[PDB]
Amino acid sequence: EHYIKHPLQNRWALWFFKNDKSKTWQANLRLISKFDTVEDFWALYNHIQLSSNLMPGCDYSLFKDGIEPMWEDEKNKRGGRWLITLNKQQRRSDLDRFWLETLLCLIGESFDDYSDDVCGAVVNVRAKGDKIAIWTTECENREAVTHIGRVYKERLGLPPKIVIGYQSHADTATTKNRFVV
């Protein structure tokens, strides 16, 4: 305890996406690093670019080790995402703050029992508008999905005027909201 790192409930992997139209979507997805302690998280976060600084067309994804940050994964294919859409003003005011909060919600296991329903999260840096999402494992788990949206919204400090939607990945890959908070 004067010398032991603070362990996380999960080992997490940080992924980076840079668009290269000559490659398949999946091939553009590169593992940055894995970590399983609070100290090791900050070490990685402190040395990497803020999302607000990435070239447009890039993502970060943070996923539980063993879960690939893509629809296709077993843990993702029946799942969906809580989506925060940001406008261009929010890149400045909210993107990096919201992304770090989302990271801390994941590594700290902030959704009680339903943190096991969390797969990971992704930040899309886009010229038309940035997005942050939390991916959950099963769009049919009404109580899980719904408790996660609620706590997450509180964590981001979004006002009651803002409404966020949950979309299944089935729909996204073929988008309507299954739930809002």
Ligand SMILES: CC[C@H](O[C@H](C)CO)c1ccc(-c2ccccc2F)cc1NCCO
The other form holds:
Protein chains: 2
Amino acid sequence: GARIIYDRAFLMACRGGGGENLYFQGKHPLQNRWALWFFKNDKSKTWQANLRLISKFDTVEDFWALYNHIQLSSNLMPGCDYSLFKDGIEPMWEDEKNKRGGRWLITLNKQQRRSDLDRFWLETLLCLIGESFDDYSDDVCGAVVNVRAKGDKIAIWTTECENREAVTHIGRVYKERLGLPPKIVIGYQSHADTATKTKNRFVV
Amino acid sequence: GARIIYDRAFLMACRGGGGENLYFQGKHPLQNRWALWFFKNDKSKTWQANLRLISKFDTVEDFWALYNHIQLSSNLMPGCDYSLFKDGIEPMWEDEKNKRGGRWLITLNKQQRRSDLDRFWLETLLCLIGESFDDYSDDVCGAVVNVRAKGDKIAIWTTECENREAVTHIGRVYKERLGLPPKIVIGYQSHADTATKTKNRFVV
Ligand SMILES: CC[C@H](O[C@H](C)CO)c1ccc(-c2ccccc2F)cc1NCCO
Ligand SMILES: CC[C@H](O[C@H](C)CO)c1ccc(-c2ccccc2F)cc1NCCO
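Given the form deposited without the named molecule above, what does the protein look like in the form solved in complex with the named molecule?
Now the full complex is given, and it begins with the chain already shown.
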């Protein structure tokens, strides 16, 4: 049918009042299937054994079941990365869907770990699963949270750094959904530029 | 050793670049040996003369040799059934390994005979031979394709309809590997229920 779009209030209502959809034995299907990955760079193990597929889901209710479980069981320590990517896109630059891409980046201060990290990450996840960028949601690959002593980072990765209209729409809506004051500028950088380098390619 | 698991890309690469394994004079052995059966209900012959063992194989390269041959020489007409089952499991409910079982069913409409039947059947076969359900692949008995004017059907048969964790894992991974949109619900039904009866026992 048409793209399955859910707004923030609808998704939030499914957490405590989910499972009452009119089909799918009550589950609300998502537009896309998503995979959650965990990474921690531990030099004692291989890179392969450091990247872990945690879980895949494709309904609102299964997203919340995973969210609730992670909220109870998972490591929030420096050096952890968590990534939510569309099924079939590995959470790495070399994936065919990421090689030409880039990311909208949010950088937090340490004071913002207690005030803002959880709420900004949740808002990011809802933008993803809810297809909040209308047709330009198709350019979204995934999102990454890096937990770091120097300051945590959240990013939305998109497929094509030269798709100006898609990339800028995603950034504007993401900023709006995060609720950031206008004066707090966020930037988009291609993955190629992040490999070796406010002055970003696009700013909103 | 450990379970022999092959992903889709590896299996696909063996079709045109097969026979270069480091042992077995180049063949890649499968975890299981498999038997391909054909059935057509023809009232002029007995039931036993209507069920035919076509061939058995136990390597990736011999799977592709059979695939290529069937693709050239075999009947695709309404009333045909083809079944790929682990060696020693007959493709019938009464087999000891199927009596307590059930199936994940995919039902096609006629527009999907040309767009989807071959690709969905191939993806099913790759899930089977590649042991794509990890430890729960041991609950897989086989798969069946029914060619019908009213709409073709593909199913994965499993051994125990009350093994909830195994059955549900198989269904989720099968749906993921078929690439079905989240909103396209597939259902599991016990063979006992198929004998006399969206509302299925498990849905994913
Ligand atoms: C492990 C805690 C981690 O914390 C972040 C850094 C801030 O929140 C984290 C990771 C992934 C998910 C997640 C869950 C379901 C689907 C997709 C996901 F990415 C949720 C959480 N944390 C929830 C509690 O805040
Ligand atoms: C008409 C041939 C039939 O078509 C199906 C319905 C759709 O594709 C069919 C049956 C069995 C196999 C098969 C081959 C090797 C191992 C196991 C198998 F089940 C392959 C094909 N078709 C290949 C594409 O022509």
